[PDB]
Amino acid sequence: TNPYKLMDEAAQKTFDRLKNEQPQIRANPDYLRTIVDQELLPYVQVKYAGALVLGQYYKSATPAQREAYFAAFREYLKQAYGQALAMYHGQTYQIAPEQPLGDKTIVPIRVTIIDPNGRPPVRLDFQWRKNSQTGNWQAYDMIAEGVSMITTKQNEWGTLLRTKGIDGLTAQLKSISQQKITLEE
């Protein structure tokens, strides 16, 4: 279980479904949520990325609040990444070539989304951590062009956390995950 292979398998499998399952996506755009759930989330440290988004506000949550938060957060990943896969129009991808890992516990792995018409590339640095029990590698952030998504969400949900706490943020996640995914034509 090595992050460069996993990064590449996740990518291969996602692109395959996006190319070959247009009928399913067009019959029901929320079917993108499946492609995210089956091809991308198995490699995502969903609790850890959820907890990082909470920061200070993790310590204060009851187990009940945390489990309701994480459930909401996974639904919210499927919806949000689903809505991003709605931007597919026959892009291809490139992976950073494998480095040796040595003793490193964090590794950034770039996937360049490549436009078929030679429009500008999108550089996504996926952040992989070695799990400290199992040794397995999982993604826990995405740096889109220069910017951490996790930091982007800390900043954007910070008032909602100061005003309404985890419960407020869990209500907003559930709310967004109920938005039907929309397709460009």
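Take the two forms, find the largest set of C-alpha atoms that superpose within 1.5 Å, and that set is the rigid core. Residue numbers count along the first chain shown, from 1. Compared with the form deposited in another entry:
For the listed set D125, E67, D30, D37, the sole C-alpha moving 2 Å or more between the two forms on a rigid core superposition is that of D125. With the core held fixed between the two forms, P116 has its Cα displaced by at least 2 Å. The Cα shift for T134 between the two forms, taken after rigid core superposition, is 2 angstroms or larger. If you fit the rigid core between the two forms, you'll see the Cα of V107 move by 2 angstroms or more.
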Given for the second form:
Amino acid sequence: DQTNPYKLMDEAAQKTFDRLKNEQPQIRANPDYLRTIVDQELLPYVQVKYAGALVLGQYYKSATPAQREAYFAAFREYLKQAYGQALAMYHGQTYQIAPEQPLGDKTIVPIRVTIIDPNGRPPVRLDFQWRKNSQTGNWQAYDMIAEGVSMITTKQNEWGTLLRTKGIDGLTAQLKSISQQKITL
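Condition change, the form deposited in one PDB entry to the form deposited in another entry:
Next comes a single chain, given without company.
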């Protein structure tokens, strides 16, 4: 049900976390496989262009069609790497998802997923950020903030300077560069 981000979050967590739980041998043999799991289970619920547009800010409008295309393709690769690296710590832990609350007229909704430690250590909080398309009523995720670390605003200052000194092509090259870093465990 696309008009309720709590239902979508539940389903997306179920698919993503079950696959990370059940394919640990493959992940241990090649941690970059995490990109594939992220790509296939989680990114269908993520509005990749919306997230990319937030990072790009004022530089979007003046960018050329080719520059835009290259930027968005690099950004999507970066998201696979980032979500992959952030979820590498998940290997089958129990998790709890914040319960459904009134949506009212809201168009942005954060939803906390808590990863429970099996030994009673403190939990790890993943705050997924959901946005509504007000024309269609449908929701998609655009960020996941992992104990305060955002996939898109954490590097805002460095990416701001890079855009200002080298434009969108500078940032695209940097996103590509980051996406080629080996995921580690």
